[PDB]
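Chemist: So the chains spell out like this:
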Amino acid sequence: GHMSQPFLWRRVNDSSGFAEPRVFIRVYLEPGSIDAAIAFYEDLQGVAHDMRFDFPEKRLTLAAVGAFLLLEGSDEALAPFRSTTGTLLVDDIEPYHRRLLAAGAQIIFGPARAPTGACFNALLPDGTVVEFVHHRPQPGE
Amino acid sequence: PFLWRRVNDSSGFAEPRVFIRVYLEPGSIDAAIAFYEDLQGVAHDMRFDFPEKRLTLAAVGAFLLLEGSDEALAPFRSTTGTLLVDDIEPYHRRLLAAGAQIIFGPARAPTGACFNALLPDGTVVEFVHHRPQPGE
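In the order they appear, the protein sequences are chains A and B.
The deposited numbering numbers the first residue of the first sequence as -1 and each following residue consecutively.
The deposited numbering numbers the first residue of the second sequence as 4 and each following residue consecutively.
Isolated chain A, as found in the complex:
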């Protein structure tokens, strides 16, 4: 493509076996801030970050740090994603997608492959906006 390839490092690359979701609070960051933000969230929580994900196609950089999922980018780059307040990392997104459609939720984006696996996000009937993602190993990982 015309944009650089993703870069992805993570401690655990497959969520297939984690039947209990891992819950993330979304954090939105301005350009130039993600390394200091990772350090801030590491030191706040006493926990080392476990994913660094650079996504040049979307002009985004992401990191998992304890309870928080950090997204860095311009306002324009963040705009499609900013209303999402939480991410659930689950074993398989498809049952959640199916149940949400049946329960009247509006699927915003996806389900779609991502460099980490696959994800979708949804506007729930009560107005909550959340992303569901599952992780699968990438080639060479």
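If you are wondering where the hints come from, they were derived from the structure by calculation, not from laboratory data.
Even for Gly, the Cβ is constructed at its ideal location relative to N, Cα and C.
Treat the hints with care, as some may be off.
Unchecked claim - Looking from chain A toward chain B, a few residues come up when the C-beta cut is under 7 Å (computed):
(1) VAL21
(2) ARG50
(3) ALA65
(4) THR83
(5) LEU86
(6) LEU99
(7) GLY102
(8) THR126
What the hints assert, rightly or not - Non-contacting residues of chain A with respect to chain B, defined by C-beta distances greater than 12 Å in every case (computed):
(9) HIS0
(10) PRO4
(11) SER13
(12) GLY15
(13) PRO19
(14) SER31
(15) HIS47
(16) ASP52
(17) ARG57
(18) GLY64
(19) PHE107
(20) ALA110
On the provided structure of chain A, position chain B as indicated by the hints.
Modeler: Then chain B, alone, in the frame of chain A:
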């Protein structure tokens, strides 16, 4: 005041339990609990009333549901997540040292003690710890 929960003491948590906040209009929490139970395939594990604040709350898997009038919710609505931790005071200290603003508390709650913070990057997060109340 109703207080029911499966776990009443977070003192031994090896890591925080993380909640995404959900906000609800009066009269809707029973249907909301059902929605989040069925989405996740888990039964809700806490339900309690906070009459001083005119709120009702429930924990359902990944979500913390808050039901109240617009007036009751207005001071709390900007919080997007709650961390249930073993003890809130080390987090309070570290947040102050990093320049965060403590916008509510530390205060007692029916469940233990909590505070709300505005982090320097604009994230608004609650930190709460749970302790057994007299009669649990």
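Chemist: State for each hint whether it applies.
Modeler: Hints, verified against the model:
no. : hint   : result
1   : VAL21  : holds (4 Å)
2   : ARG50  : violated (17 Å)
3   : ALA65  : holds (4 Å)
4   : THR83  : holds (4 Å)
5   : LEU86  : holds (6 Å)
6   : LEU99  : violated (11 Å)
7   : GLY102 : violated (9 Å)
8   : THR126 : holds (5 Å)
9   : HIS0   : holds (31 Å)
10  : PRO4   : holds (24 Å)
11  : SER13  : holds (14 Å)
12  : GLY15  : holds (17 Å)
13  : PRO19  : violated (6 Å)
14  : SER31  : violated (7 Å)
15  : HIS47  : holds (14 Å)
16  : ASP52  : holds (19 Å)
17  : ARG57  : holds (18 Å)
18  : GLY64  : violated (7 Å)
19  : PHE107 : holds (18 Å)
20  : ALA110 : holds (20 Å)
Of the numbered hints listed earlier, those contradicted by the structure are 2, 6, 7, 13, 14, 18.
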